[PDB]
Each structure stands twice: as C-alpha cells, then as structure tokens.
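Let's start with one chain on its own, the form deposited without this ligand, as structure tokens.
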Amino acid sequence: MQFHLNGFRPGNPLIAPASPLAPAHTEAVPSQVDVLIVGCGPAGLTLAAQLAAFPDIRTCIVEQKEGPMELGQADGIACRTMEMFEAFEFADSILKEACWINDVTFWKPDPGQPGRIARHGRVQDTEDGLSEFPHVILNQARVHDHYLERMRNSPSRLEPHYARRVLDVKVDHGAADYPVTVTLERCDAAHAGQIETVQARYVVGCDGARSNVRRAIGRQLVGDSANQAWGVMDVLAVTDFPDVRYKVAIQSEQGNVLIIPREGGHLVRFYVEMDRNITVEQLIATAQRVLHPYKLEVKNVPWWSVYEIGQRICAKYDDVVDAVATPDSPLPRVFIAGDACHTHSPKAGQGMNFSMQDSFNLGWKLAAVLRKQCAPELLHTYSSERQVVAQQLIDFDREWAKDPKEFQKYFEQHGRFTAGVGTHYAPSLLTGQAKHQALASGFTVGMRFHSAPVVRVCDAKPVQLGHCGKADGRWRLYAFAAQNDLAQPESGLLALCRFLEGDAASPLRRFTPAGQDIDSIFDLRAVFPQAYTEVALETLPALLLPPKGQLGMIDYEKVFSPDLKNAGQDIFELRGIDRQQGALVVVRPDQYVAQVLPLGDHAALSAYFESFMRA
C-alpha cells in the first residue's frame, strides 16, 4: 500500500483523513442522497464499502435491525470473494482468523459394518493454480465488521442508519432530480412508528429474500419450491470423529450430514438434511445417529436454525421494463442485488459469495455515472451481466442433481463455480469478442483477472500482479511487453505509453478529469519479460513513473518483471502471453477482464472507452 503522498501522516495508514466533501453522519436520515442502499447484509455492506471511497457521492445505507449482527447464518468464503477482500485490503485479516478448507473428506456406510460410517474419499478443496487465496470459513458478522470498519475509516466516515424499515420506493419519471422517493419507518422503541422520507437519485435494494424494494418495483422471484430443508447448528462439542476439523460430506443409513469446521479450531457447524416443530435436540440426536460409532457430546450451541429455500430469480434486476435494454430504453433508477433478486439452493454452495459479486459489479458503475464519467446507459449492464450469470449458475446446479468421468467433470466444474471464478460474461458493451485472445491466453476475456506472481522493478518485491486492482473504482491496463519493446520504443508498449500521454485523442487524456492524478481513472501497470535488473527505470516514460499528489511524489509501482528466480513462475509462460507481440489486458474496476488487445491497436482502445465514457 502507498501513503504519505502529501506529507507524513501518523497512525494506521488505513484510516483515511476525513473528507470535507462529506457531511458528518446525522441521527436523522438525510433528506436527499445520491445513493440509498437498503439492507446491511453482505451485499449492502459490500456496496456501501465501495461507495465509501468516493466522498463526493452522498451515500446512505439503512437497515431495519437495530445494530450490527454478532453471529450470522452464512460462513463460507469463496476464493474469488477472498480476492475481492484483498481489493478492500482486509483479506489478510480474514486469512488469520478464518478456518481454511484444504481438503474435503467423504464418508459413507461401511459395507461390512452395519449402520456405521467409514471414510470413502478425499479431495483437495481448491485445485492447484485456481486462486492465490484459499476457500475459508468465517462468521458472516466478522465480514460485516471489516466492511463496517472500511466504511467508517473511509474519507466518507460512512456508517449505517439502523432501525429503519423501508416501507415503499417510488420513481417519478417526471422529476428533474432525485426521482426516487423512499418511505421509511423507524423501528426503535424511541422512534417507533415514525415515518421518514428520502429523495434519492438511485436506490439499491440489498434487502434479502423478502425484499420490499423488489416488490416495490414489481419484480418477482421466479423459480421452484424448496428442494430440501436443512437443520443448521453451530456447536461446541467433543467428538472422536477424526475428520471433524475438515469439511466433510457424510451419507448414512440414518441420514446425511455436512460438516463445516469453524474459525477458532473448536466451533463446528453441522448441516443436517431434513424434509418449525423441530428442535436442537432432534438435530443433535440425528447427527449422533449419523456419526455412529463416533460419539458427539454437545456442550454448547451458540446458534442453530433451519435453512430451507428454493432457487428463484428475477427476470431483471432493475426498474426498467425492457427484457433486453437498447439505446432507447428508459434508464434504470432502482436496482436489486443479492438474495432480493436471486436465491440459490444450499447444495449450490454459493452462500453469500455470489451475492456480494452483484454489488461489486454495480458499485463502480454507479460512481462513474454519478461523477458523469460514464453514460448512464452503463447501468444497464448491471442487470444484463448479473442476471444472466446467475441464471446460468442455476441452470447448471439444476442438473448437478445427478458417465463416471462425466461426473468427475461435473464435480470439477462445480468447484470452479463454488470458488466464484467461473463467471464468464458474454460479449457486450463492456466485454470484447476475444478475437485476439491468443495474445494472452491465460486472461480469458469476460472472466476475472487471474493473478500471478511478478517482481516489482523499483525494489525487487515479489507481488501478485492482480493485487494492483483495488476497490477504488479504477480501470486497469496491464501492458505485457513484447520481447523487444524495451529495446525498440518505435512500437510496442513504450509506443502505447507515448500515445496514452501525448495524443489528445487517447482515452487517458480524454477522460481523466483536469487536475487529477494521471492514473486516477486508468491504472496502467507495465510488465516486461526481462529480468527486473534489466529494466532501467530512469529510461522509461513518465507515464510509468507518474508523479502524483500535492508534492508530485513519484509512484514507483507501475513497472514489473517476471519471477525469473523460481522455476516455472514466469507470468508470460503461466498466462500464455504472446512473447513476440505482447498484449494489452484491459480490466474493469471489479477485476473483470474487458479486453485483450494488441498493444498497437490504439484506435480500438480509444473507441472502446469512447463508447461509454464522457469527456
């Protein structure tokens, strides 16, 4: 991370200086806001944490609960989700506290032993090279804490307005500004029944399964009935079952159970299959029968419930009627994210993960449009992108409901999907057609940017290239240099740089607000195949050693080389970069690859951004 850009600043650098552009939090919900987020769940808090980085935008997030939760229902944190946490700079903390899932063991009835289970299998939870982070388990409330702190420590000093239940949302397609009117009811005993009204430019319903925002704009969850029902109990118990600290799938004559080891090394979660006139004792009794001959002595039960939901999904995620928007469609004003527009069966294994990816998709778009850096039409891509991949995910898990090798295929694909790295957007306003995909085979257009190790040239530090992509709303341009680029500036990477800084028609010059840092909209990172010791910084374009901030201090983290010390760690090899041609990999603020273009196709680059950005 970088700090002290404008002078020494004491204390933890992750606490940002309060921005004057942002009015202090008030007891009463403001009358007018840019964005009103409804619901402090994974989705709501994810969006709020993203918008909190832009103090020029007025964001208000409401939640009907009277305060932060301390113990939540979701606990699975996918690899891709961890990558996003890294973007919010708190993945590190999650890794130290969460319970990693390295293996998953399977238990079935012992063939020779009557009514007793035995271990039948074991698989590595995350296939090699799938992600730089592992799949982990951590109490949902803790993820909330991190987002709540990020929000609080942001320049926005953003915090939620609790004990507020959104009663209704209306859009005045005739209003000149703040067309959305939200009616809220205060739920705390001290204000019980009090009605609040908020004028918003955009409203985001992240209010869960029984979302009022969804029903307010007439959308509806379409799907099937609750396939199964699960008894879920978090327990502090003593057992001799040897795989208790692993993620375990148990099938037995007396029922099926799923074991999820919890953070701390002691707590354990049990998913007991069923199908409320059902108790903990019954669940425990069932788990005991299943675990037999292994003994389960439950000492304490911090939490337990009943997880039962069908897979449903809205046809659209916003208030725009057209199934497929076009340049003449009304613009969206209200969006739905998370369970409010799509719920997945427990067996799907998505948990809260996929839900947060909706918010990460919408986040930067809202900010760009509000800042008038992008045409409002951009907002249409939120629904077309997130609705489609959700439906495709459901279609897949619809058949996962079970050749022997066709199953190992289903099993493998399911892993990539639960890890959250299977999302692949189809060609669109933002996504290219992949005609130059061979330039960087390892960076599939439309999928998340698969990070790989590189070596920073300024100080020889080993780093994950994809970690340059932080949740700061910036587009990234990873320019992998052709073999001779460093030696021949007439073309290649250096020529691209020359174009990006000096050609008035370049997207960098056209769309970067006057007076802002040269990398405030487009974060360019250059990667040369040459050993870091062979890259002379002093001979590189200023665009690659950009001054910034009030003191013109130099950013020395824009230039990289491959890891040439350790065998098989060269990113040019790992990601299939065309060595002779090089490659420009354009990445969205949500870490998704938009394009893989030839370094020399400057016109294509300009044209791309001209299609949705505003000069």
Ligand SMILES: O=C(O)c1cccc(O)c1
Contents of the next structure:
2 protein chains.
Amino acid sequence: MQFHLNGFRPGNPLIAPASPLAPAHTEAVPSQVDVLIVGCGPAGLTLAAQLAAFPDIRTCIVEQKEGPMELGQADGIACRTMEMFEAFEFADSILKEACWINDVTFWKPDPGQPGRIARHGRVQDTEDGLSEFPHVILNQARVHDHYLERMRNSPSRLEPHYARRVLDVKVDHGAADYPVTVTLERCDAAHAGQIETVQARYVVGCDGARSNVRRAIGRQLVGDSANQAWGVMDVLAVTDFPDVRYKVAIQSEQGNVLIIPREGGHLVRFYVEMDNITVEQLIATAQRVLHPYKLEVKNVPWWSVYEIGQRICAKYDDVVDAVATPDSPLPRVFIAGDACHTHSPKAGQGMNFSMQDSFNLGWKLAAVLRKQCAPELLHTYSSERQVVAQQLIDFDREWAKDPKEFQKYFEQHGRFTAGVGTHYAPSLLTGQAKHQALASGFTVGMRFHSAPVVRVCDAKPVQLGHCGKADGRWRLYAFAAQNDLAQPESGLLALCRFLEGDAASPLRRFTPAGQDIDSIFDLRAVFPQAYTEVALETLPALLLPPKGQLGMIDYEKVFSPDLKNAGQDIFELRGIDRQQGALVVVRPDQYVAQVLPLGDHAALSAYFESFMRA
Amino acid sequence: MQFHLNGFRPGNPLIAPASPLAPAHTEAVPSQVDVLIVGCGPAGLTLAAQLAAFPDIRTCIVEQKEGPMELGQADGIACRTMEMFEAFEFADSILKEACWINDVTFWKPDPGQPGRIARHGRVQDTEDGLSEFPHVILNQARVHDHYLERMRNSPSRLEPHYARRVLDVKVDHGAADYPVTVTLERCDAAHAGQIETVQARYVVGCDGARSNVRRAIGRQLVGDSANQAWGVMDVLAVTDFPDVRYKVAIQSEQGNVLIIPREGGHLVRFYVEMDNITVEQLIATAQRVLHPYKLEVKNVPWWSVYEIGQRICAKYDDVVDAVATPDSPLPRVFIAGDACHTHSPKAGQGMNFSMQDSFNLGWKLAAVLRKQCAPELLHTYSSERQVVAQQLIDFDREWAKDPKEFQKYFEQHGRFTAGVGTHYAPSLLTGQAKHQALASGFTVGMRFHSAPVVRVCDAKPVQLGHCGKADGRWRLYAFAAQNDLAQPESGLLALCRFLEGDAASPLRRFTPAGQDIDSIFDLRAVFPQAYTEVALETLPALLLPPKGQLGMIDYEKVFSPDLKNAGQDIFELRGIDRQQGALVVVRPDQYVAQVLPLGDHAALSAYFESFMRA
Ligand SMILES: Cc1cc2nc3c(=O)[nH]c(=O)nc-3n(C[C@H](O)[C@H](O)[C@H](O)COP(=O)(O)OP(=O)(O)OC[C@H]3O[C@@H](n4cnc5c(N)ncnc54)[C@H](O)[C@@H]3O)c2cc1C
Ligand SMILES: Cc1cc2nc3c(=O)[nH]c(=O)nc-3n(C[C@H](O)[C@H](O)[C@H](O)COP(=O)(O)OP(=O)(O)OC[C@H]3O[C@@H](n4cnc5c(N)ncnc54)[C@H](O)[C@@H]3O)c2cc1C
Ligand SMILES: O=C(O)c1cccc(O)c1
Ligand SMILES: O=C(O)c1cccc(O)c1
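Any chance you could show the form deposited with this ligand bound after that form deposited without this ligand?
What follows is the whole complex; the chain from before opens it.
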C-alpha cells in the first residue's frame, strides 16, 4: 500500500481522510442520490464498499434489519472471493481468522461392519496453482463487518440507513434527472410506519430471494422447485470423530451429512440432509449418521432449515429487450445476488457468486455516473452476469447425478466452486482472443490469474495481480519482449511513448485534466530481465509517474520475474511469447478484457474509444 | 487463533471479554499496584502489552508525555522483532504497512569521475533460512499503536496514565508488601505540579536514556562518549537517484549518508553523518553527496540530531551483588531498554534490543506475582540481558574499523542486527547442551527457529514456532522418534503418559487446580509420519485436551512434517535425531531452555522443580 503521498498522515493509513465532496451521514435518507442500494447482505455491502471509494458519487444503502448481523447464514469463502477481498485490502485479516479448507474427506458405510461409517477418500481441496489464496470458512457477519469498516473509513464515510424496508421502485422514463422513485417504510418502533421517498439516478436491488426490487420491475425467478432441503446447525460440540476439523462429506444409511469446520477451531457447522423440524431432531440424525463416533452438543449458536430451488431471472435490469442493442432503452434499475439467481445448496456457491455480481456492476456505475463511459456500458452487467449464472445452472443441472468422466466433472466443479471458472464470451468488453498465444496463461474473459514477480525499485517479491485493487481503475499489464529494454524503438517502451505522447492515446483521451496520469489506466510493466538489470533512471516517466500534490514518484509500476527460485518465472508460468511480449488489458473487476500485441496501438485506442468518453 | 471456546462470541475475536478481575481505568493513578511501568516507549509498551494478558495482575504504566506519539524516532524492525510481534498477533498488519528491506546497496565515489557516486555493491539483506519474517521499516509510533490496541483489547483493558513524570523511587526493605514507593508529578496544565504517590510490588524503569528510575536506584550508564553524531531527516522528496527505495549506504567525498526507505512508498529517511545544525544544512549535504543525482525536498515531517555513545549499566536491577546467589537480596526495581544500555547508531539495533529486554522480564514478573515461580527467577533478567547487551557492545567495539575475515564480521553483524544472535549461557534456566545433537537446529539458549509443519487435524501448513504466543506459557515441542507412534511403551507417547499421570510430573505439580491442562505447559507433538498416518482418535487425551467451560477439544497440539514439498521436512531442516526423537523446552519468551531425551523424565521434572512452585 502507498501513503503519505501528499504529506505525512498519522495513524492507520487504511483510514482515508474524509472527502469534502461527501456530505455527512444524516438521520433521514437523503431526498436525492446517485445510487440507492437495497439490502446490506453480501451483494449490497460489496457494491457499497466499491462505491464508497468514490466520494463524488452520492450513494445510499438501506436495510430493513435494524443493525448489522452478528451471525450469518453463509460461511464459505471461495479462492476467487479471497482475491476480491485482497482488492479491498482485507484478505489478510480474513486469512488469519477464517478456518482454511485444505483437504475434504469422504466417509461412507463400512463394507464389513453394519451401521458404521469409515473414511473412504480424501482430496486436496484446491488444486496446485489454482489461486494464491486458499478456500476458507468464515461467518458471513464478519465479512459484512469488514465491508462496513471499509465503507466507514473510505473518503465517503458511508454507512447504512437501517430499519428501512423498500416497498416500491418506479422509473419515470420522462424525467430529466433522478428518474427512479423509491418508496420506503421505516421499521423501527420510533418511526414505525413512517414513509420516506428517495429519487435516484440508479437503484440496485441486492435484497435477496424475496426481493421487492425484482418484483417492482416485473422480473421473476424462473427455475425448478427446491431440489432438496437441508437442516443446518452451528454447534459447539465434543466428538471423537477424527475428521471433524476437515470439510467432510458423509454418506450413511442413517442419512447424509456435510461437515464444515468453522472459524476459531471449535465451532462446527453440520448440514443434515432432509426431505416440525427441531434442532434436537437434527442432532439425533447427525448422531445416528456419525455412529460409532459420539457427538455431544454443548451449545447451538444457530440453526435453520436451508431449502431453495435453482432459479434465475431472464434479465438483471429493467430493460425489456432480451439482448440489448444501441437502440434499446438504457437501464435504470438492476438486481444482484439472490434477488436474481438462487443456486442449489449442491452448487456450493454460497454468497460467493452474489458478490461477484456487485463487483461487476460497481465500477461500471461509477464510470457512467462520472461521464467517463457511455451509459450503454451498463447493458453488459446483465449480459455478462445472467449468462454465466445460467451456464453455471446448466452445469450443476447435469452435475446432478464414465468413471474418468466423473473425475472430469469433479475437477470442473472444483474450478467453478473456487470461483475461477467464469469466462465471459466476446462482447463490447471482451475480445475474441485471436492473439491469445501472446500470453496463453491469461485467458481472455477470465479473471487475471496472478503470479509472482519482483518489484524493481526495491526487490520486493509480490503477486502481480495484487496491483489490481478495487479502485475502479483499468489495468494494463505490459509484458516486454526479450529485446525491449535494449531496443526502445518498438515493443513496450514504444507503447509507453505512444500512451503518454500521442493525442489518440486512450490515456490522453480519457484521463480527466488535472488527475494523476494513472488515475484511469494503471500501467504496470514486466520485463523478463532480472530486476538488477532494469535501470529505472533510464525508463519513460510514464513508468515512474509523479502523482499527487507534491509530485512524488510512484516506484511500483516496474517489475521483473522471480529468477531466484526455480520455476517461478512469470514468463514461463503464464505462457508469455518471449519474442513478441504481450499487453494484457484488465478491467476494474480483475477480468481480462484483451491480450493484444504491444505494437497494435490502433486496436488499443479503438477498444477504449468504443465505450469511454473524452 | 482459537475462539468461541466457551460459547459463541460475536465481533472481532482479537477483542477479549473484559475480566472482572481488572478494575476499570481511573483518572487518578491507583494507590497500590503489582507492577508500575515507567515510560510508554517501545520497552514500556512491550512490557505493558505482555502484562495486559494477565488481568489478575494490577499493572499501571505512566508516561510524562501527554498522549501517544504520532511520529517516532526509531523505524527499524528486525526479523526477531517481527517474530515477537507474531507472538502478540499483529505481525500481519505490520507486514502489510511496513517497508520491507530486501536488498541493501552500497555506493561510493566513481573511480573515473570526480565528485560523483556510483553503485559499488548489493547484498541480500536477510540470508536465506534466517527467519520466516523479513526485516522491515515502520514508524515507531505505529508499533506503539499496535501495543496500545493490544493493551486496550486485552482482558485487563489496560491504558496508560499520561502526563505523569516519575520523580523518585524508594524501596522499603522492611515493608510487608508493596515495598516500592514511587513519587510522580502531574504534567498537564489542569493538574500542573500535583504530586501522586504509588506503592508497588515491582517497578520497571523503561524511561529511556535519561531514566529517573536508573538514577533513583544508583545505577549509571558506563561507556564511551558519543562515537558519532547523525543528522536524521524524514522527507517527502523527488529524486532521480535509482536506489532510493532500497536501504542504501553511501560514502562520498562530500560526506556519508544512509538511506532508509520508509513505509508507504514515498517517505524516505536520510541519516547524514556529522561531527547550529539546521535541516537546510542536512539537505544541502545530502544533495552534495548524491550529486549528480538530484534531491528536491518537498516536505520534512521530522528531523533531528541523533547522537549517543555506547554505554551500559553494570546491573539491571536494585540488587548490589554483581552476580546473585541464593542468599542475595531479591530485586524490586528493574530497568529496561535505553535506561540501561545505549548502542551506537552503527550497532543497528534501534528499538529492537530494548523490546527484547521487556519480553524477557514480562513472563518472569507474572510467574512470580502469581506464585508460580520462585522470586529468585527475577535475578535471571539482569544476568541474561545485561550480559548479552555487553557482549554485543564488545562485538560492535571491534566491528568498528583479512578480506574473508571482514565478510565473516559482516555476516555475524547481519545475524546480530536481525536479532537472532542472542545466545544465553548455561544458568538456572539454560542447559549445557549435552544432548544438543538430538535437535541440532534448536540451539540451547537461542530463540526457537521456527520451521514449517502440517497440522494433523486439518492439514493446515503452519509455522511451528507460531504456537509460541505471548501468553506466558512454556512450550514443550516433542519431536517423536521414528517408531514412537507404533511403540507407545516408550518415546513421545510414554512422555505424555508420564506428564498426565505421574504425580512427579511438572504438569501435575505446577498447573493450578481448576485451570486447563495446557495453561502452564503448552505441549505440541510433532511426528515424522505424514499427517494422513497419524490417527488422532488413538492419541492420549493430553494431545487432544478438552479446555474451557464446555470441555471443547483443542485440535492444534499434533503435527507432522511438510512432506509434499521437497526439502521442507522439519526433521531434516532442524537436525532432529530420527531414531531418538527430542524434547525441546522453550520459555515464554521463545528462547530454547533445554533439548532433552524424550525419556529423561527425571531431568524434565528436576529442571522445573528448581524454580517453579507447587
Ligand atoms: C434462513 C436462511 C438460511 C440460509 N442458510 C444458508 C446456509 O446454510 N449456507 C449457505 O451457503 N447459504 C445459506 N443461505 C443463503 C445465503 O445467506 C445467501 O445466499 C446470501 O446471503 C445471498 O446474498 P445476497 O447479497 O444476494 O442477499 P441476502 O444475504 O439475502 O441479503 C439481502 C438483504 O436485503 C435485505 N432486504 C430484503 N428485502 C428488503 C427490502 N424490501 N427493503 C430493505 N432491505 C431488504 C435483507 O434483510 C438482507 O439483509 C441461507 C438463507 C436464508 C434466508
Ligand atoms: C532526539 C532522539 C532522536 C533519535 N533518533 C533515532 C534514530 O534516528 N534512529 C534510531 O534507530 N533511534 C533513534 N533514537 C532512539 C530510539 O528512539 C530509542 O532507542 C528507543 O526509543 C528506546 O526505547 P526505550 O523503550 O528504551 O525508551 P524511549 O523510547 O526513550 O522511551 C522512554 C519513554 O519514557 C518516558 N519517560 C522518560 N523519563 C520519564 C519519567 N521520569 N517519568 C515518566 N515518563 C518518562 C519518555 O517520555 C518516553 O516516552 C532517538 C532518540 C532521541 C531521544
Ligand atoms: O465453502 C464451502 O466449500 C461450503 C460448501 C457448502 C456449505 C458451506 O457452508 C460451505
Ligand atoms: O532497520 C535498519 O536496518 C536500520 C538501520 C539504521 C537506521 C534505521 O533507521 C534502520
């Protein structure tokens, strides 16, 4: 992290100075806002945390509950989700508190012994090289706590307006501004029944399975009925079952159970398959399933009956057209998370997929509100997120049931549950991949698979993808050709010359006057030479850019590979064409948009000209 | 970290429940306390943070300054210091905010060019395998902030009594209890001149170079005059000097300068050698030294003239006897940090050595106050800490000046500056090492050099030494012999049987009735077999101990080596005798006290009987 850019600032640097652009939080909900977010669940808080970074945007998030939750329903945190948490700068804390899932063990009835289970298998939960983060388990409420802290400490000093139930949402297609009218009812005793009305430019329903926003815009969850029903209980118990601290799938003649070890080393969650349910019944069933192993429950902090069918909305916004074109009406209301797609418990997605909906939408709304991107960009939210959620359902539709074909489905299921399987098809934002071989390890349309590199300014070993923070900026990862440092006339250095000095450059065309040169496009250069061979003093100013009020130099734009440790060279690991180099264009949500030749300046310009505004 | 032991507890688990044993903080300093700590510098806060973990002990820490500092004088954080920060559970946060020192570069005059410097060398700052943590740089104030937060969130809810200047300390050798009388003067305007008096059982002067506590007990810093004088300035500047983000030693005909890159990527500290100094003069000198590289200073958050000689007290307590025996008077007042030893700027110790003084004393004071250890244990504070500080001075005394002999001194200097060179000589606490070959990598008298292992309960890869938290507990790391799992009649399992069931066992003799079985002795077993081969259900209850009010099982006492990654097996890395196994006894300050045969139960008992109380 970088700080003290404009002068010494005492205290925790993660606490940003309050921006004068963001009015102080008021007891009453403001009369007009840029974005009204409905629901403080994972989807809403992810979106709020993202928008909190932009104090010039007036964001209001409402929640019917009267305050933050202390114990949540979800607890699974996927590898790709941890990568997003790193973008929000709190992955470290989650890693220290959460229960890591390293192995998953499988138990089944013992062939030579009646009414007893025995261990039948064990698998490494996350395949080697899949992600730099592990899969972990942590009370949903703690994730909310981190987002709320991020919102509070942001320049916006954003905090929720609790005890507010959104009753209706209406779009006035003839309105000049703030065309969306939201009606809310105050739920606390002190204001019970009081009605509040808010006018907004955009509204996002992150209000869950029974979303009133979805209903307001006439969308409906289409799918199959509750495929199954699960009794779920978080317990503090004593057992002699040896695998209780692992994630465990148990099949027995007494019923099926899934064990999810919880944060703290003691709490454990049991999913008991079912279909007047009491916790006593759930416990009794788990005991019968675990026999001969004993289970003595001392305390049950929470339990419930988790049952939901797989359903999905045909569209995630208020635009009727199934597939939008340049003449379709522009969207004003969006729905994210469970409000538009519910995945069966089998899917194993938990709250992970819902938060990716918000991470997709956040930067787009910010860019459009700031007049940096055409409103048409907003159509890509539904077209990207609805499609991948439906494709996921199609897969889990069949995954619901040769021996090497099963292992294949098992492996794919692992990539999907880890959240790294998302692959957007060609579109306004995603290329066709005709130059994929320039960087074969950075698949166009998929998330930027981070790899180690060494920072040239100080030899620090770092993960390249961690340059991608949740600050709304696009990233340009330029991997230099072998002779680029020695031959500035072409390749990487020529690209830099073009970006900084050519009027047609997207950097010159789209970076607002007066802002830092890397405020829209975050360019990072990676050379194949050892860090000791890259002379910073000889590089273009674009790669050692001054920024802020004092013109301080940003020394973190230049990297080399890890050449000390065998097999850790990113050019090898990510299949970079060494003789040609490659430009990997990454969106603010960390998804790869393009893999282009370093010298195709015209294509780079044309890409951004297609949706950004000068 | 483990939590929810006695029931579900919402919020950040690092915030402990307030103990009813610790009275609330009062505006006035209490009239009587167990421990009075003077000074909220690194030494005092380290000690306070340690004692804050024991709510049954009444600790009061006073400081003449009126509040916490925002910008400190020291900034170097050594590898061994990071290991202690990990023991206090905040190393993670420091790693994310601090500026890592990966390489150190050296610059000297360019042979073929007048008045100009050129790079002459580069070295990896921390040798491979030295520590699991890097050497980092971070504003002293931020370290204080972490300790203050730890103190505040501890069960004791400990916070300093600011604006108090200790004027005198007197020991009444005829007093029945609280024999030490401390006189304090309130410094704030509101109480300017008001005198407060506190009676304490023990007083620790962590009041710096001009310590009033040291003066009160007649001790004096003996040594040489200021060997040198350094102009020090923390600046936000723009330079084209290529190595500004590295730690850099610069020698030129215009003067000598040391560059220390600071947290945040922009701030930089310059030490300018000297001997009416103004910052303008310091800047002018740095510019002349850096020529032809330019240095344009935009802002100077802080600067000063750091000049101190190498001095040390002959003893760190109020006991006259040079070397205490069983008939010497018992100590009541101790001095730590700069109050008893000042190391030249060349030493490169910063605030690191001072905090180790407190980490040495903390657990000893707690054990004595709790009547768990004989008061004689307190003599070991001075005998251990004064000796290693003097030996350090002797070394830096000669280090102050064949070519392969210089590299030897350079390498040793590196181990010393990283803080891992401390090696206590045989004593009441430290053995002779006649069984050192049982575990050659765990040198008796030196800190426990952590290595990777795999936790059996959940296959989590962890650092074994991180079991050693700053909670005052002794650690017993038992490395099993090859056949121990298969032959319980001897070796590790027989040791467990002895520890839990034999009346002469130190565990049975010294663990207070009613407390958890691992409340004094934290036993961790490490087997050479893969984690998948260690059946938890077959192990003694001592290795899967129930604890707390609900009898929840602690699943973190059993480990195996990392056998997945080549060359990561701790039995190989730390030279464990595979056929014999080894018991490594580690003190609450992470220093190895003994390396004993697993079967020498008599020696284990005798060791603890020599200073613990039943
Ligand atoms: C009873 C129950 C048990 C569950 N158990 C599990 C489980 O065991 N494992 C698992 O993986 N997942 C479980 N889930 C699902 C998991 O909690 C969700 O998938 C996840 O929370 C979805 O995230 P989200 O952001 O889309 O919405 P949600 O988490 O559903 O949050 C929506 C939010 O919007 C608010 N809201 C709704 N309507 C309005 C309105 N009109 N006005 C204002 N605020 C409104 C809600 O109060 C809530 O805070 C469970 C869900 C429920 C309801
Ligand atoms: C002007 C100055 C510049 C320095 N510059 C550097 C540098 O550039 N680099 C470096 O590595 N080190 C530097 N140091 C030294 C570094 O700050 C110390 O080595 C480190 O702080 C020592 O830790 P300590 O805990 O022993 O005591 P200190 O940090 O000295 O703290 C002692 C504390 O006790 C308090 N105190 C003292 N007397 C009393 C009393 N009678 N009653 C109550 N409270 C009292 C003080 O106000 C202070 O907070 C500098 C020190 C000074 C004074
Ligand atoms: O994170 C998971 O793997 C998971 C899968 C199912 C339920 C659950 O709570 C967690
Ligand atoms: O941490 C260091 O290596 C160091 C050495 C000297 C001065 C300083 O501030 C820091």
